[PDB]
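Have a look at this one before I ask anything.
Below, a portion of the complex is reproduced, with chain positions unchanged.
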Amino acid sequence: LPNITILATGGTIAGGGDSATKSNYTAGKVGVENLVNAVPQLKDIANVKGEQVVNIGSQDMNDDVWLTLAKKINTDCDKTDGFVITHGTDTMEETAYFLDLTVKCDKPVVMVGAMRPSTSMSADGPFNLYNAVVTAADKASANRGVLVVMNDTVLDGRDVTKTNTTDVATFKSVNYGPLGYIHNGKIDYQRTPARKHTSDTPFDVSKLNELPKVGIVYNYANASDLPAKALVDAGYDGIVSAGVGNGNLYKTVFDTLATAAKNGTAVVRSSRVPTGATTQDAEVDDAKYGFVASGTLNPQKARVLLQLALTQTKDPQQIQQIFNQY
Amino acid sequence: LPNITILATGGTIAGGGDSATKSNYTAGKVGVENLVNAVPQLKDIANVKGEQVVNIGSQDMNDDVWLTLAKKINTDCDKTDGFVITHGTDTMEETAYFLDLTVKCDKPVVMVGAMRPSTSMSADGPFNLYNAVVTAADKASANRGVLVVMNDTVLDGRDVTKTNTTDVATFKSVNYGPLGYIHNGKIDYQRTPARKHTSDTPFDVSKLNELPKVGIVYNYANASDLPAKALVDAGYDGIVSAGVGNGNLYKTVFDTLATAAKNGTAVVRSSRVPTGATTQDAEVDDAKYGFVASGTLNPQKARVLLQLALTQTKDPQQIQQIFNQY
């Protein structure tokens, strides 16, 4: 059997409710040895080793967990056939993309969680975890970057996003679709991501102890500039704008960010709009202001690539090419 | 023929391309008599009168334009058979919802835009504008609230959202679906909104000249609490959290807003996730901290209802009632 390491970080898959039909619970309550033993069939398709890295709700996910996870996987790559990371759904799409750019291991790295607490009727965690291990054990899963396996679907860490607050089917790759579908432990893979990932990226966090400070500001009618101004006064290295439409900024946010960019704050235009690219050549002259367009990266993912971009360069022209290749 | 008043506010429907093949353009620079003459077929279905209220890209939409639009429709209601507002697509969903709560005219009020500039090769604007006027002149359009007509679809102002940065088919009612489909100038209406709108809401902005201050903060991994701190230091009346998953907040944004809530800032838990409700009875005890759950309202829409709720009450229990009925 392949050797699979489960790195547990918490989430609703480790999530514990008061009853089976009542929606109240706490993420990150159950340990990894209890997750594995709840699904005995795991032991017939893989030699499973668990470690608990942290036990938090992914709403509390942060740079320190991200750095720990990249280093652990890079370090233990040689000692295992594949990794499964149990994680909350809330920021799974962020950790998946971060590991997609930082992991130098091209063994399957699969992230999995659950939308329903382990204590609820029709808990999705068990089958998700089973299918995550199936995916991490498949040689065909190798070299596709960091994968998210939820609801019988293998999704790439770059395009995967939580599209719904409660549905077991919430995770979708809203721009380019999934890599594969799992039926009876077999994966019909018809796609692989084209942007560079894992071992093909220049980002190496092995020596990094902290990442550049990147904040996100929301745009909306009558938007306040206070959020943008607070991040600039705090000396943030980068700001992502969750623009309206094709990455457009409310006038006062535009002014504050246009200024901050002249003073060498990195500014990426992304969109609150869940699907499609924030493009160049629309209503914002990026060249004039030193702004980067995020393409299909949504604000929280844009933050991820900007943080890693700002470990190599502060040049907007170079951050743009980073955003066009990763 | 029915009298239809078109109130122009700008946007890409009044948007001017550098060219037809080229995607570069400026929003809100063509006047309203130019939109009407550009579609002469309107003259056979309606008696169209145009007024220019403003000429802005809707990325710059604000409280003043909203109050003006509401005051104008309420004043002119008995002068016309229907309104069509031309509007930029970027913040159309925010404007439609505001007017859906504040307009006391139960004549059809229809909002329309274009995703491609008028100068573009297969400009969506002419047909949108025709169908908006058709919709505004159908007697069956009355009593459904403020409508958005885009891509042959009638959407209610509450649920409609921009789902894609560039696609002509971007506007979708992502939780509950459209009200109707237009073919050959006929509308198959199979739905009507259940939530109270227009003349069944207590909200009256007719003697208001300013609205309560409500800002939105974004949640993500390692989120800064400075955006939230800046808004409470500036004495914002209300804060909407674009939370992760089912309205969850990052640790420090939590601690900051929980203190703000107990010092009389209205705090609404919404979600960055594009579909589904921020529910009560998940991971956050709203009763303990005095938080309101937005339900299906996305952050920018939750802001609109919070702004209005704060003209009547600052009691969180009552503001939750409002979010459960409007």
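The first chain written gets the first letter, and so on, giving A and B; residue counts start at 1 in each chain.
As a working rule, a contact is a pair of C-beta atoms (placed from the backbone, for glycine too) under 8 Å apart; a residue touches a chain by one contact, two chains touch by 3 or more.
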{"item": "Identical protein chains in the complete assembly, only 2 of which are shown", "value": "4"}
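Everything below uses one rule, namely that only the chains that are shown with their structure count from here on.
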{"item": "Gap in Å, rounded to a whole number, between the CA centres of chain B and chain A", "value": "30"}
{"item": "Chain A contact footprint on chain B (complex, rising order)", "value": "22-27, 57-63, 66, 88-91, 94-95, 162-167, 170, 211, 213, 215-224, 226-227, 229-231, 234, 236, 242-251, 271-279, 281-283, 299-300, 303"}
